[PDB]
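Take a look at this one chain, the form solved without this ligand, written out in structure tokens.
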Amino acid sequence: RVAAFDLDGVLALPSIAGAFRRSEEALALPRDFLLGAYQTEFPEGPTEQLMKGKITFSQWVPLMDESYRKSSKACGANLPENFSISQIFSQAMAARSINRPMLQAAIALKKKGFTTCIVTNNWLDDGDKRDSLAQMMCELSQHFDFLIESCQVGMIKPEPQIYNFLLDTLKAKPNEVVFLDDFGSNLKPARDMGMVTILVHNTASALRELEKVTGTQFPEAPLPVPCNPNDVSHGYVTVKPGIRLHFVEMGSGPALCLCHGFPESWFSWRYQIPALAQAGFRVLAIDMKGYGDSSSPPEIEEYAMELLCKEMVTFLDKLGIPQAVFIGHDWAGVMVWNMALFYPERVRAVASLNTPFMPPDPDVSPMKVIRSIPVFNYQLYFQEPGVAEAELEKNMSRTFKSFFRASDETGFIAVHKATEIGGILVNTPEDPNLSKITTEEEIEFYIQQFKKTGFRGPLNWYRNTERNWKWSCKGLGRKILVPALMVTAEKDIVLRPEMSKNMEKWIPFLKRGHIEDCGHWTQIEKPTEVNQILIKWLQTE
């Protein structure tokens, strides 16, 4: 089966046709005077030349204005002497956007496994604001297998051949296909061909109703569009002789680097990458040193935070980028705060998820501080080379299902006792049922990513306590004056909100956000909420 959508009217609103009627009234001319050009059946003149893509937009402007001057005052109502369809048409175009519940309904049937597409009477926009259209087209791109645009294949609706070309493309019969459109006259031939007709009258709802009435049903609040993974651009930068970072890229300027935490990957930001790009930014979801597709050397000294921060700067220099907004989580969160503290010039802004900015005391050995907090036990367990590696690697499937579970789920990790019972996966069953926060598919990606790195590299992050302490002490007399955000996860066992209360002594002006019923895996557990927060912050400051 397959489902196809017209764009002006079902995937995109308000129908541009709307602004046609609006100014029709706005000028005293006869019902369908200006809309006849766009909504007809028998399309002639320049509009047919347009939607068949024989002439661009700009050309059509003058030529149509004149086809109007004829028809006009010269056969009915007075069409102003100095009058033009240009700024009115190019505005209801730029003043229109996506119909989410509808795009939502399509992503569904696709996720469900349906051939989706768009069959629309397009035109080539050489307009002053054709950008609005490129974005809409860019973004809709991902969700449909096919896109039959009138202005590219030379047909137009209801002219019969377009439909027949649709079927030849989807390679199907008129039965297995459902057609959504806002005109109905454009729908008269589909039914007549043995197709399903649904008039997208409304704005959806009444139409998505007679839609679940065939196939399935759509979430009340669907989870955001996750970016993934063979559909993405993969970058590679070589920062130092043997070392090279890998990352993923989406969207257009200004730069914003998403840094993940232990034991994850760039794929963790899967829900924020799209949304963030679409929000106007050039996303760079990087694989941290020691992870996935970047260099994972064995030396411990190699993961010192001082050296890790220096190499983030180099990653920008080689990439040509002079400033980015860094937003980290877990361990990256720490790094990110140190980037803000050590390389302010390169930081447009900083955001942290769960991880507070916790500077060190120069009169308090750093290991002692870890040895005291009952909840950083595992942190100690990790301190010994080969040990935790061996446990985590024995069976990567449990390891991941064990680690990634919701704030309201069982099978948890052993952050408190690890060293007594010797392990974190010790009390964890060796067949965790699968969290409701990830899929086998998602789990598999992490498995594969770590078969390439093993776990030494990632763990070496925990192993630089001393020097890290000695390094950070260098900026105890400074303050973080660049823009900052702190988002806290309520039910996050380690890295509890309360650990941030003092933060503003170092970061005045620090803005703040907070998510309830949320554990450590903020991005994966409360994505939409994280997205909302993150965007508002980026827009606001």
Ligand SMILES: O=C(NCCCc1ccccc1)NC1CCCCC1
Given for the second form:
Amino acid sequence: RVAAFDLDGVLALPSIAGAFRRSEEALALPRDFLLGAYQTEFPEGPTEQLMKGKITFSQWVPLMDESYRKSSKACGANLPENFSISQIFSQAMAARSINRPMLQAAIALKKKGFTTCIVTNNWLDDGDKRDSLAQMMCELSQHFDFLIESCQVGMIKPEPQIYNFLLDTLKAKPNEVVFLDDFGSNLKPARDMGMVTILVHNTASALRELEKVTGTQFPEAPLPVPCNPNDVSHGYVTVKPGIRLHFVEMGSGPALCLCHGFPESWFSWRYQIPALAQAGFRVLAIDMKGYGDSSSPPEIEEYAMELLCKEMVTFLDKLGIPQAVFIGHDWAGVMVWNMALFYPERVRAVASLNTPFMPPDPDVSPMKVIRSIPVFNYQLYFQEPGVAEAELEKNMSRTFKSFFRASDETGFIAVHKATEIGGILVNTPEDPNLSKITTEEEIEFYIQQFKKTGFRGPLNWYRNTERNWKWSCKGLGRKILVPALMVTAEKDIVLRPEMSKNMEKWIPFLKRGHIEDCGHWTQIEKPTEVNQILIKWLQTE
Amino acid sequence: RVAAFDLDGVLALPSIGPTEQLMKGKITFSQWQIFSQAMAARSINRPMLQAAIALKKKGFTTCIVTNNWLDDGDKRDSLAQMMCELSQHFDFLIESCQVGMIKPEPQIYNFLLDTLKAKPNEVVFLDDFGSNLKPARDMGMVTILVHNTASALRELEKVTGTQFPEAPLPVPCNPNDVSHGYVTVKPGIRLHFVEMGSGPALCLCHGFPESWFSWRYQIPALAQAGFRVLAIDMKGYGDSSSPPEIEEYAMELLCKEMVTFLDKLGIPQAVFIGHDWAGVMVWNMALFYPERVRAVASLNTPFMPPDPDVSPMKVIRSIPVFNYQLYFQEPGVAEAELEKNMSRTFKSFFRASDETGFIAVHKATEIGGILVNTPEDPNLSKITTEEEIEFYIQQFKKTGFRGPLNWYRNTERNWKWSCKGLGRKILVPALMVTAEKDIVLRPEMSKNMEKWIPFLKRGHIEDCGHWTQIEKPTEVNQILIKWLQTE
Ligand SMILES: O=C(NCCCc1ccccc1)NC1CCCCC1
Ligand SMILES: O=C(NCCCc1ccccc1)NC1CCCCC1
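In place of the form solved without this ligand, the structure of the form solved in complex with this ligand is requested.
Shown next: the complete complex, the earlier chain at its head.
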């Protein structure tokens, strides 16, 4: 089966026609005097040349102005002398946006396993606000398998060639497909052809229910679009001889590098990658040193924080970027605050999820502070090479089902006990019921990803306690003045909100966010909220 | 032997207790007035940077050791950009505010050497304060003082090493010191590219028989001009897919695969700049997808829409200087010729407008070979370097020439397709740059362009052949930027 939706009216709102009305009436003219040129059944003259893409938009402006003027005062209704459908058109088109519960509805049946597509009487917009159309088309691009623009194939609606063509392409029966239009007039030949006829009047809503009817039912407030994965661009920068950083790119300027934590990947930002791009940013979801597709040198000094933060600038340098908004989480969160602290120039901004900014005490061995905190026992476990590796690597499937679990779920990790029992996955089963937070596929990704690096490299992040301490002690007399945002997770066992109360001592103006009922895996666990926040922040500052 | 420079006022001009350490790095900026503008209002010293890349290219160890500071300022980015840019030309960056030891504290000099790993006589220090050069000469270093805006300066420079020009070529990005993108637009098909700079986007599209490396001279500059550059490897070339089938290189297919490329990358609009064959594609991009095109620029290639009542083929058969195009028309043949010895093949193709050893564009069929007239070991063009050539060899050693040649082999359908937009006009911003001495693709072939593209802005480079970019880069840049800036 397949679903195909018209853009203006069903996937995109408010229909361009809408404004055609409030311009007709607005300009006091005979019902459909203007919507005539647009949709009427007998497309002739200029607009027929338009949807067929014989002439572009700007051309069609004059041709149509004058053609209106014919039927104008020179045939009933008084159309002003100095009148033009150009600015009313481009503005109503620019002022039109995506029908989420619809696009949402579309992504569903695609997930369900449907043939998702759009069939619209399009045109080639060479206008000033020609971009608006491009963005709407850029982002809609993913969700649909096929795009049949009247202005590309040369057969406007409701001429049958298009419908008869919509099928040859979809290679299917007309009953096999369902047609969503907002004119009904374009729907007549669709029904008559043995296809499903659903008039998208309203704003979906009801057409969403007489829609639920066949196929299935759709969410109430679904999950934000997660970039997923072969469909993405893959960057590769070589910052130093043996060392190269892999990453994923989406969206256009300005730049914001998403840095992940232990034991994850760039795929962790899957839910934020798209949205943020769409938020109007060039996203760079990077695979941190030692992870997935970037270099994983075995040596430990190789993961010193000083080294990673510097290798971070080298990364921007080679890419030719002078400044980025750094958004860290978990371990990276640390790095990220360090980025802000040591390279403010290259940092347009900083955001940390869960990780507070915890500068060291000069008169307190770094090690002792770990030995003291009871919930950092695992950190000590890790401290020894070969050991934790051996445990985590043994059966990667469990290892992840174990680590990634919600705040309200059993099958946990032994952050407290670790050392005694000799593991974190020592009291965990050998078949952890898969978290309601991940999918077997999502898990499998991480497996393959780690099947390439093992865990040494990632673990070595922990193993630099001392020098990391020695280094960061250099900025104890500094303040973090570039824009910062700290987001805390209510139920994150290690890395608890409480660990940040004294943050403003160093980071005044530090703006803040807080997600409730949320565990460690902030992004994967409460994405929509993570997004809302991150965007608002980016927009606002 | 190595060389050091001091940002403070040597690689960047106009020159610029509690400061005794802001520099050492204990305190930041705002951790402190009208001095920020001063920093902003300052920039790179091109002959110095030039001089530097010279020595770097001469096989020296290039570096900067400066009394820095950390900027949490508002005009912070200015510093980034300068630093972002200088970065590629220096090996080590010894910034006071980083290793904690301002100049002239002798620890820095001691450290620059331990870092550099060499004798103090093996290096030459370039400071503009001289009071910072005492210890340097003291240590047994080579001290040059930056008094003039770098004249008698880089003069004493030329002395110690050798001669750097005055009006030089613009810095050429490379080689693998660049980012490498990879997008998979369709099952077997993926497009490789190179990225530099931050927004907005401009995709540089190359011609036959080249690569993204062809834009080497424009890639940096343009980034620095304030743009996110995407020097792409066209279908069939270098690191992107090279499917053997011909239909696979139809123009309609490439222009569409072009939108797919922007889509996956999440970009809604780009400025498309084409040259040679791509130039064609690029104008088609403008013609079929104006939405995704913020702009269009073509180098050499005019916009030549087809005649409905004139078989496309006949127009090639008619023009005498498109004989080679006919040669190419047959599969296996031209491949076999060009592939045989790639070294010659490129030395032959890439030559200036004022050089012999040419290509048989005219008599290709007749002599049966676009190289038959070409020497056997073409004296390497003064326009390329053995290394630059070698790049292209390896690049093509991966795809052969079928894929690239198939660009030619779609004459008919390309015609049939483009005939769809004969009733259209190109209204998005366009710029046509013509090359005086480009044998095929002569300026003359564009006089009627505005018939279709009014407002079409224009540029023209003199004494220039086909390889516009490689041949007259600085002029190409000047123009492309001015255009981008202005529109
Ligand atoms: O796996 C981790 N890893 C945390 C590293 C935290 C950290 C990073 C940097 C400095 C101090 C602490 N945390 C989760 C595991 C599942 C239960 C709750 C904590
Ligand atoms: O290699 C080429 N290739 C040109 C393809 C030109 C073209 C492509 C599409 C439409 C019209 C013309 N040109 C050089 C060859 C060596 C001598 C100068 C021209």
